[PDB]
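Hey, can you work out the whole structure from these sequences and the hints?
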Amino acid sequence: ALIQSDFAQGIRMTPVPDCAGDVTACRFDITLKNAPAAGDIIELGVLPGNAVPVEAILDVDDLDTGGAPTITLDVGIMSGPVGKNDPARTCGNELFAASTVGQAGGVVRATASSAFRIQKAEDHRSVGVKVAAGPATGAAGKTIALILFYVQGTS
Amino acid sequence: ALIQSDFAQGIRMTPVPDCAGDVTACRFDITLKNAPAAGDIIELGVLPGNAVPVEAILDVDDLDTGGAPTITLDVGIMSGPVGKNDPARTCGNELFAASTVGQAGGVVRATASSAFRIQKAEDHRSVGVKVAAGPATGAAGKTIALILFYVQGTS
Amino acid sequence: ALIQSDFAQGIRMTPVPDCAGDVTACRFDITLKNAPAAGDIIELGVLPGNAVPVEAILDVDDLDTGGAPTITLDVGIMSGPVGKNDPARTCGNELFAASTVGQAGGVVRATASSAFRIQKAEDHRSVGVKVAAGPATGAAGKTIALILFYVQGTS
Amino acid sequence: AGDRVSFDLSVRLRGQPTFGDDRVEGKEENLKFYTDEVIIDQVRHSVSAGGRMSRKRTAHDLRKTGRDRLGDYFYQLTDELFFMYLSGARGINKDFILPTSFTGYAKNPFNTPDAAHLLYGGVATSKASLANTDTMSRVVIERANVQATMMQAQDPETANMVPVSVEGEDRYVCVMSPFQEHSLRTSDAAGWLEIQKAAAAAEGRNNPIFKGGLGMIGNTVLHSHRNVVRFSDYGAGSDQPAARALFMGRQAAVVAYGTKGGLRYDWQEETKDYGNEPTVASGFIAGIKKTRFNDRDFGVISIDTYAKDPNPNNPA
Amino acid sequence: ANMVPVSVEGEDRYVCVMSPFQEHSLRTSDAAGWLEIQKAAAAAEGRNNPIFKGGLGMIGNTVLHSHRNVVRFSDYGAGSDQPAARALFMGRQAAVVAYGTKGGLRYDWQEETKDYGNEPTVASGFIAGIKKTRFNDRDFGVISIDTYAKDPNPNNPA
Amino acid sequence: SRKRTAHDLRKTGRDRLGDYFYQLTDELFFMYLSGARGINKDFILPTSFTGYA
Amino acid sequence: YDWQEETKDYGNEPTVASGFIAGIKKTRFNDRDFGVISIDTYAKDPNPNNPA
Amino acid sequence: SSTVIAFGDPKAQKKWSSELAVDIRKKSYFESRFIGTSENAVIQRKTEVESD
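Heads up: the sequence lines are chains A, B, C, D, E, F, G and H, in that order. According to the working numbering, the first sequence is numbered sequentially starting from 1. According to the working numbering, the second sequence is numbered sequentially starting from 1001. According to the working numbering, the third sequence is numbered sequentially starting from 2001. According to the working numbering, the fourth sequence is numbered sequentially starting from 3001. According to the working numbering, the fifth sequence is numbered sequentially starting from 4001. According to the working numbering, the sixth sequence is numbered sequentially starting from 5001. According to the working numbering, the seventh sequence is numbered sequentially starting from 6001. According to the working numbering, the eighth sequence is numbered sequentially starting from 7001.
Because the hints were derived from the structure by calculation, they are not lab data. Just to be clear, a hint being listed does not mean it is correct.
[Unchecked claim] When the alpha-carbon atoms are kept at most 30 Å apart in a straight line, the in silico DSSO-like pairs for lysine-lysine are as follows:
1) H/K7011 to D/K3107
2) D/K3260 to H/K7014
3) G/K6008 to F/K5003
4) E/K4102 to D/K3027
5) G/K6008 to D/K3027
6) D/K3107 to H/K7014
7) F/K5011 to B/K1084
8) H/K7015 to D/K3289
9) A/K33 to D/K3308
10) H/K7026 to E/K4132
11) D/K3211 to E/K4039
12) B/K1084 to H/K7014
13) B/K1084 to E/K4114
[To be verified] To be clear about the criterion: a stretch of chain E counts as covered by chain H if any three or more of its residues have a C-beta under 8 Å from a C-beta of chain H, and this derived list gives those stretches:
14) 4059-4068
15) 4089-4095
16) 4100-4112
For every residue, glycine included, the Cβ atom is placed at its ideal position computed from N, Cα and C.
This is how it looks when you write it as structure tokens:
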């Protein structure tokens, strides 16, 4: 099911640039209550109206540990509204196709070419982490942190 | 364990000298309704603010009954507030370095060179006994009581 | 030599009890400069006019650092007025005769019966210390201090 | 000018009097004082009646709605801040504006009530011993009254809690989470139903069972309000709901408004992007602390009963 | 000597004093009959009964009160651990006091300056004596009701 | 020690003595009418007490 | 100056005592003196006969 | 950058409030009602030594 962070529900506001092509960042993070599982869609943060990502930094804290880890994250842009609790919303592999981070604690940066080719849409959209493969053992309380750079006036 | 005892609290009062050089003494006594352990802080009495010990007499009953006694009592100023009950407060060895009075009931007066060189302080410091050696086999409801003479208006 | 303390010069103060019987004490101390020598007289302090010693406490540092130390302090009442700088002023052996303190740190109290039998006189007699025997070898900044208890309305 | 306020408490005397003809010119009291600090800070928010086109594809003007929403938002924010400090912690309360990871306002941190001012429901001794029988009941608020009376007779260092001029005169106010009121007025073990059924036998239709909320119990005016902190980690193995009823009396908490004549909402107006997205932002300058003289708080007893969602159909 | 009611409340009623632990034991238990009678009285008069609006009413013809400073013992019981209290039951000359100063209690305020005007001192005291009247070897006017009063809030450090 | 504080200590001292003697006389009454000093704190007089005249 | 007179020993010794309430410090901002330069010259008393 | 007076900086002024919070006296029970000079009083007072 959808696990919402504070940014999606509207509790924690998200920044928008007040200038054309002014790089803006916010620490889209969530603290994971219970353990992650296959098919989990984590709605991390909302990408603002006309902005497009220009660099995304993903950092996670050793989600599954265990041994022979098999976890693999997959973040993207969801088609649904800003914060609706509809379990039919899907996550595409735009930014990170297969992060393979969280197998061991570390930081990965956007590498797939599709990361910088996202098109603008006049409505807000929610960036969502989808755990593609189930994690070995797993852990509870480990946080998912996405750092997103977007510019609000690209052509 | 910090053992509060009447004088340290606001229950029993210690008298201020008044005038300058007027030798003033009060008997700070405790009825130890417990057995001293290897490490204790026994807050006997309150050295009133801005006064220096001139002569110190330690009156103590028999604390150890087993053969070859090894109890040592260290009487010194313990820094902090007047009667705040915390285990962080720690005393030193100023009025007494390492007393043999614990082996058998007796009285030994201040004989340390540094006993008479205590400096002033604008607040109510407290005098505390630390048992710096093993109680050995013994102890019961007994009494330790020092009689320190303090004078105000010293220079 | 007549190495006089602050009390003799009047720079510091000596206390006087208001009522008859109040034991009063002041710490007569000097941080003597140079070295103790045979025959020098240290004028530590002055007991007030109507006053007799009630208990004398003498504490010193190590006034000689050598092999077979042999320093012997003698303290007593002096003859001339408090401030007059005359080498023709002699002490006695009333409060302490051959006190043999100074080879170690130590603290000594009145032992001779003449310490407590001092007779009163209307004028400010001066208590002085004379190093009787040799200073053995070497002492630079070590301090000598004498604490007197005196009552004013004796009979 | 100054970002802190210090106020003083003068505790009573605790020295033994000297009987007989023994002289007492020497042995004298030392009056003891206690202090606490309230640190001010600035809290502002911004609403964005944005877009030049977005203000034309809508019939309603958006600036006035934004202003009204900001007013309401500051209303509820100050109210929930009051209940958050008087309770000492943030739980899982979801309607609260502030995020679930909240720790302070202006470095005047959250202070958990001591063992003396923390009253559990039923029979319990710690936050890890609540069960289904530790629901809030008439017995519990009577225990709260007994604590408010003989708090000194057990701890010789605290200070007496004294009543507030509520309704008529001199009654302790006991705010209640609206799940605890349901636990009272919808259970026979809570003990409220029997006495209020007797009262109904006295007064026909004006009894609190039919025509209102809870009534006074032992001169303790009970009120219920949404903004009462509600925890979710209590229990022997966690995952058991809880609450914190507030038993208030006189100087429970201190407010230091940082602007003249009480709090003043000053609205600031700025426009972005060559005249698009007009934005309104305002904010008060204030700081709130729960009075904590010595290490024992001064005005509130935090009844910490167990209160479960009555209707389980709610989304978690 | 038989007790006599005192006229300090109403007319000729024994005055009984309680430690609020015992007050709680009455007010929050079904075994201390006060709850049943006061529920009936509330049925006779609602929102004015002592259940809702304060302390205890009369049980029998004895006005019941509660005050913090009622002696509480902590050694009663077979194991010397059960807490207990000692509720009074007073009437007529329970105890007498000899004030010995003048009509009424007169504190004697005195002010003394310790040192040249530094440290002003305020000292006062009364000269009076108290005793519970004991004729022969038996009390005269007090019945020490001595019950078991546990701390209803076990969180108190005690 | 009274210039380091805006609250005059003489008037507070007098008021504290007033309330302290009020409390002490009531406590003494309850001590004598009950016949024993219990283990009750909040009492000025100590735990081990036996009369005062 | 607050003159205060107190008599001791049944009025035998009348005493006078007074004292101001003041404190003095040289302005020390950071660790450097604000307005004083101390000059440590050699001051030998000219006359030898002067005692000590 | 930008000036921040920050917290705990000796420039940060603090205002002390003059109002005193007082731990009020416990309400006494044995008030003037009970103590009386007549026979009908829980606490009798004996004036046989108030003036003698």
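Against the structure, the hints:
{"no.": "1", "hint": "H/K7011 to D/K3107", "in the structure": "holds (18 Å)"}
{"no.": "2", "hint": "D/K3260 to H/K7014", "in the structure": "holds (17 Å)"}
{"no.": "3", "hint": "G/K6008 to F/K5003", "in the structure": "holds (28 Å)"}
{"no.": "4", "hint": "E/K4102 to D/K3027", "in the structure": "holds (27 Å)"}
{"no.": "5", "hint": "G/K6008 to D/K3027", "in the structure": "holds (22 Å)"}
{"no.": "6", "hint": "D/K3107 to H/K7014", "in the structure": "holds (15 Å)"}
{"no.": "7", "hint": "F/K5011 to B/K1084", "in the structure": "holds (27 Å)"}
{"no.": "8", "hint": "H/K7015 to D/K3289", "in the structure": "holds (16 Å)"}
{"no.": "9", "hint": "A/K33 to D/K3308", "in the structure": "holds (20 Å)"}
{"no.": "10", "hint": "H/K7026 to E/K4132", "in the structure": "holds (23 Å)"}
{"no.": "11", "hint": "D/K3211 to E/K4039", "in the structure": "holds (20 Å)"}
{"no.": "12", "hint": "B/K1084 to H/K7014", "in the structure": "holds (26 Å)"}
{"no.": "13", "hint": "B/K1084 to E/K4114", "in the structure": "holds (28 Å)"}
{"no.": "14", "hint": "4059-4068", "in the structure": "holds (count 3)"}
{"no.": "15", "hint": "4089-4095", "in the structure": "holds (count 6)"}
{"no.": "16", "hint": "4100-4112", "in the structure": "holds (count 4)"}
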